[PDB]
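So the chains spell out like this:
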Amino acid sequence: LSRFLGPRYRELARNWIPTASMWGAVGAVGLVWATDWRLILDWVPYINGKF
Amino acid sequence: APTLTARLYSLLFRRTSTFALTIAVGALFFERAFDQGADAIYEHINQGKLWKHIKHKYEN
Amino acid sequence: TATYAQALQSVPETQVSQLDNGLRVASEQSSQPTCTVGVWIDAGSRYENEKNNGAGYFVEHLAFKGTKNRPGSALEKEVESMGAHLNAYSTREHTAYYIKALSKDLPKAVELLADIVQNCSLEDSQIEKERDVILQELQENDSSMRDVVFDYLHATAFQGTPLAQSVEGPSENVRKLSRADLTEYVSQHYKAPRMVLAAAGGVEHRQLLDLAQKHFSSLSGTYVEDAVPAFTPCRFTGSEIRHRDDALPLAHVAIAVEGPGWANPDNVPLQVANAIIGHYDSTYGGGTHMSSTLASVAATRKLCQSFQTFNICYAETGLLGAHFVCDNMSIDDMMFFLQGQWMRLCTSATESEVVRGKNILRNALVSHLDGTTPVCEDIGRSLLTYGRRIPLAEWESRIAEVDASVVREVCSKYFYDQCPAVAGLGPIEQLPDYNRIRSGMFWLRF
Amino acid sequence: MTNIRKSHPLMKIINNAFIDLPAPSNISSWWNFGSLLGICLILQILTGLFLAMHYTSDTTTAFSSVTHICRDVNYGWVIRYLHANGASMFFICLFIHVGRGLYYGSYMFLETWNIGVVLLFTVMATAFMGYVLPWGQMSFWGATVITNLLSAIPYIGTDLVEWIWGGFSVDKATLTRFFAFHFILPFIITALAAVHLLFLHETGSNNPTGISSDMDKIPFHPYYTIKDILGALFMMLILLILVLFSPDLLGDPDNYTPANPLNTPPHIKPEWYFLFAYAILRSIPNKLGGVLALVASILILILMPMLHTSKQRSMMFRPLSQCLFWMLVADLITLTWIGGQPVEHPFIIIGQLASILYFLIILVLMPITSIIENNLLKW
Amino acid sequence: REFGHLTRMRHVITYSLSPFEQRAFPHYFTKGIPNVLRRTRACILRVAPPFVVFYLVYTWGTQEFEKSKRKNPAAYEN
Amino acid sequence: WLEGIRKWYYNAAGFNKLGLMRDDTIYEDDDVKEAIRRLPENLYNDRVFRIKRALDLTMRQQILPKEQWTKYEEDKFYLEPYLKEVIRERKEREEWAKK
Ligand code: HEM
Ligand code: HEM
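Protein chains in written order, with full-length UniProt numbering: chain A, 2 to 52; chain B, 3 to 62; chain C, 35 to 480; chain D, 1 to 379; chain E, 3 to 80; chain F, 13 to 111.
You may find that some hints are simply not true.
What the hints assert, rightly or not - Below 30 Å or equal to it, Euclidean Cα-Cα: the simulated DSSO-like pairs (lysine-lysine) are:
#1 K85(C) <-> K111(C)
#2 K217(D) <-> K110(F)
#3 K83(F) <-> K29(F)
#4 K142(C) <-> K163(C)
#5 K51(A) <-> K51(B)
#6 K311(D) <-> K45(F)
#7 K78(F) <-> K88(F)
#8 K138(C) <-> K248(C)
#9 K110(F) <-> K311(D)
#10 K54(B) <-> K51(A)
#11 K71(E) <-> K269(D)
Claimed, not checked - Partner residues aside, some chain F positions facing chain A, computed with beta carbon under 7 Å:
#12 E106
#13 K110
#14 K111
Hints in this document: simulated from the structure, not taken from any laboratory. Note that the Cβ used here is the ideal one computed from N, Cα and C, for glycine as well.
One chain only, chain A, in its complex shape:
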């Protein structure tokens, strides 16, 4: 662990953080859509036309 607690690793982390956030957004949308989770979709415009 102490090996990765270094400034260069922090730099790499900052570099990949937006990508990780985007992948998280992809995962969230995927989950909501696949399950048709109504709790989230209710707010989504013109997807609320269903249910």
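Could you slot chains B, C, D, E and F with the ligands onto chain A? The hints should help.
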């Protein structure tokens, strides 16, 4: 003067993450739109027969 | 206790003056007793059409073979008698003739250069002799694998463009060339506005300018019948050319992407990025411990005999990539690692490697510009390309501006999701198909 | 010419896998339990296929089908009890196998160990679903409680539970689903076993000493083949003793009364193999905590390689670690006993203490003791 | 990991007699029994004590549970 | 005091009984493998023979005669300097990687 397609590439298609997010959102909206449109088409083709088209007569 | 900044400030400054005909006379003065004076001409294969391609190489071959004022032996005798070394180099974009000589021999050197540039005999018997020599030299150049793979890279990358043509030219053109074509080439491309007289070392700029006014003044920039050659931007075509010759011992592969022009500011960050990628040969002592990840892995697994990264820049386009020689069964692995390094620089470059690349670039810049010959070459090429000799202080400032963010930006612009141009020679069966190579140019994670 | 065993592709694979595989000479009888697991899996697959030739999965006919197998089918009782007791033998050998891996530090083969944990989960699921198939009182109610455990999961919860149930409660849909899954899972186990063997062959086999045995390797065909056959004969001895002499020793008698959804059996307990996890679950009062504890009981094997702080792979030369390991084994025996016994005053505290001690031994005590051992050996 | 190139070993000489010219069970009892006793002596110090604790807990647990089921006379007294 | 309990552990651990030495029983991770390949040939051959003899003894479930057991004082940590150097070099490489 970038075209529409070049704009789409440089905005969403360049990095796979934004590509996947676009695919997911498009998937959701396309699912909704296609479902609505195809259902409309099928209903129109079968207009006058479907129970939803005639339930009002027997309901209430 | 001079510092690097102070040393850059103390560098002698190039003084550029222009003769009325358009010849630009440039000089950097040093205390050295030896000087290198040369004429750089903005003529090359990129300015040649199909039928006259290779005429520049022919003219270069026979330029030292005699003048109207002094016959063929006379020029060589004068040059050797004063102890000078006369040499010429022809590239796709530039042609140069430079004389290494003592400072006291500057006037005679300038006379000889003017005679070579202007009053070239182009005698027919010498033309036939040089024709035979050039055909033999083409046959010899077939052996040099690196030159062949780079010529293939230019052919496939800039197909349908004049840049694709080789400097030497096809053998058919060589045998079909005539005295009229060589004379026409000299008349069309050797013009005073397109020439630069550069000197380095113990040269006084006033004396050099006066000698230029004495000798080069007659040369004119007027084009006969107003037939003015017009520069043409060259299209970069992503393509793959594979000369599969399994008999060859090792496989040479050169892969490149379109790069900036000479004057584009993005050259400096790209040079820093290439320095980060680095260069490796089997004879390097550093081996596994070398900082370059590609070099370290290549040394550990003996993937490649040699690999180097090149940044070839032309006026409006350039070839940015690397050339690696490897075994038949290690090509795919080396390509994978090279593309991985490219994508790593594009996506997740770090400050430390950027500092290393900047330092390497600074050392290369300062070390290369050492001696009268490289300094004069830099002066001439900088005047022809940049229109100005960029001082080392300006180079240092531009390097210092480079940061990890800059490197990531420029590498993403030039290297990421861009169709590459690949040339392979030898046992290149394991070289991945172009679809796989293009797929490697982007990361599904990013 | 070439040797057909080496040259032919399928024969090449079989040869490298079993015939001329380099194996350490010193591996003891504990290493035979892997081949015993393989034999148990094959025997279970054949036995269950022959049972399925006479088993109908409808709730109306399931118990009657098992009675038909036991009585009318020629030698059907032999097959049915071979299956029932082979499940127990499978779990005995699995527990001994994982114990060998823990004791001799075989978990350092990371991918093999993880595939083994996956296999353990699959085998446990297979057995749990299979026990429902006779559709006895105990089968129905154990299924009810074990599936109702899933309701503790927040949010999805009841939705997931009813999806597995196929309805509001355990019923015909659940029985048929469990039959189909119980059929298909052993084949996935057979494929994961091939993956497991591949990963192990990448690194060879560990020895009881825990020191690399490349210097001393012997061909598997001339030695461990006859050793594994002897182990299989001993396993058949024990299993056939169970099947013939004491056919209903490891089974609860209340599985012979047809399942009645309106009446709870006098005691609801899982089979003996699940009893330790049942006790661990019962120890924690909160439902979600109990489910998470039950999952962690098995998943700690995943964390076992990371918790290895000793400089010696095997415990053969780690006496204090040996003492801790046997304490853990006794703790597992205690957890089994508690799970068998009802939830009353004496057993509740014993179960809580046993669960805490199990987790403590695996997580804290063993690494600290290993560090102390390293300090003792002047490391 | 083929048999040829597993590891590097030097100057080790091994003599092995055939199965047919040697007895299958040399001193199975004369030497086996003392060896087993030696193995048991070393192992029993470590394996046994943890299980001994379980027997105590099993006995105590069974006794305590039976005691709890037995009636408390004081409850029905008075 | 401490040497008493350390000597106890040395006897408690059986690697002396098999004729092994402490460094023979270390787990062969990458650092240990590099240390082994850095051993002088005499030390290496001694190591491999010791381990082979120990494996043979464990195969037949026998132990070396009492007089031939390794002594706690006579045990020599042959691999310790090489392994320490390997660990130090790895630490330096990690440190350079950190920043
Ligand atoms: C159906 C289930 C399984 C089968 C068929 C199976 C089969 C085998 C076989 C044949 C071996 C060869 C060595 C030996 O037999 O001792 C082996 C080794 C091994 N297995 Fe599995 N096993 C199973 C379950 C597991 C589980 C549940 C684990 C861990 C939780 C596991 C981890 C290992 C390990 C660590 C080894 C290394 C043995 C050594 O170091 O020599 N296996 N297994
Ligand atoms: C390979 C690992 C397997 C295990 C651990 C396993 C375990 C079990 C168990 C515990 C039972 C309940 C026995 C009882 O209480 O009566 C059972 C029943 C059954 N198993 Fe399996 N089984 C396995 C493989 C198979 C396979 C491959 C089939 C294929 C059809 C199968 C078919 C059956 C059937 C039909 C029953 C119901 C008949 C009966 O309960 O006697 N089993 N199994």
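Hints versus structure:
1. The straight-line distance between the Cα atoms of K85(C) and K111(C) is roughly 35 Å, outside the 30 Å bound, and the hint therefore fails.
2. Our distance criterion of 30 Å between C-alpha atoms is broken by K217(D) and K110(F), whose separation comes to about 42 Å.
3. For the proposed pair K83(F) and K29(F), the alpha carbon gap of about 10 Å is at most 30 Å, so the pair holds.
4. Taken as a hint, the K142(C) and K163(C) pair is honoured in the structure, with Cα atoms around 28 Å apart against an allowance of 30 Å.
5. Note on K51(A) and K51(B): the hinted pairing holds, with a Cα-Cα distance of about 23 Å set against a maximum of 30 Å.
6. Restraint check for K311(D) and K45(F): the C-alpha separation of about 14 Å stays at or below 30 Å, so the hint holds.
7. The hinted pair formed by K78(F) and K88(F) meets the criterion: a straight-line CA distance of about 19 Å does not exceed 30 Å.
8. Taken as a hint, the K138(C) and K248(C) pair is honoured in the structure, with Cα atoms around 17 Å apart against an allowance of 30 Å.
9. Of the pairs offered as hints, the one joining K110(F) and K311(D) holds, with about 26 Å between alpha carbons and a cut-off of 30 Å not exceeded.
10. Between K54(B) and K51(A) the CA atoms are separated by roughly 17 Å; this keeps the pair inside 30 Å, and the hint holds.
11. Distance restraint check for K71(E) and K269(D): the Cα-Cα separation of roughly 21 Å lies within the 30 Å cut-off, and the hinted pair is therefore satisfied.
12. The closest approach between the C-beta of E106(F) and any C-beta of chain A is roughly 5 Å, which is under the 7 Å cut-off, so the hint is satisfied.
13. The interface hint given for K110(F) holds, since its Cβ lies 3 Å from the closest Cβ of chain A, which is under the 7 Å cut-off.
14. Evaluation of the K111(F) hint against chain A yields a held restraint, the C-beta minimum of about 5 Å falling below 7 Å.
The structure shown violates the earlier hints numbered 1 and 2.
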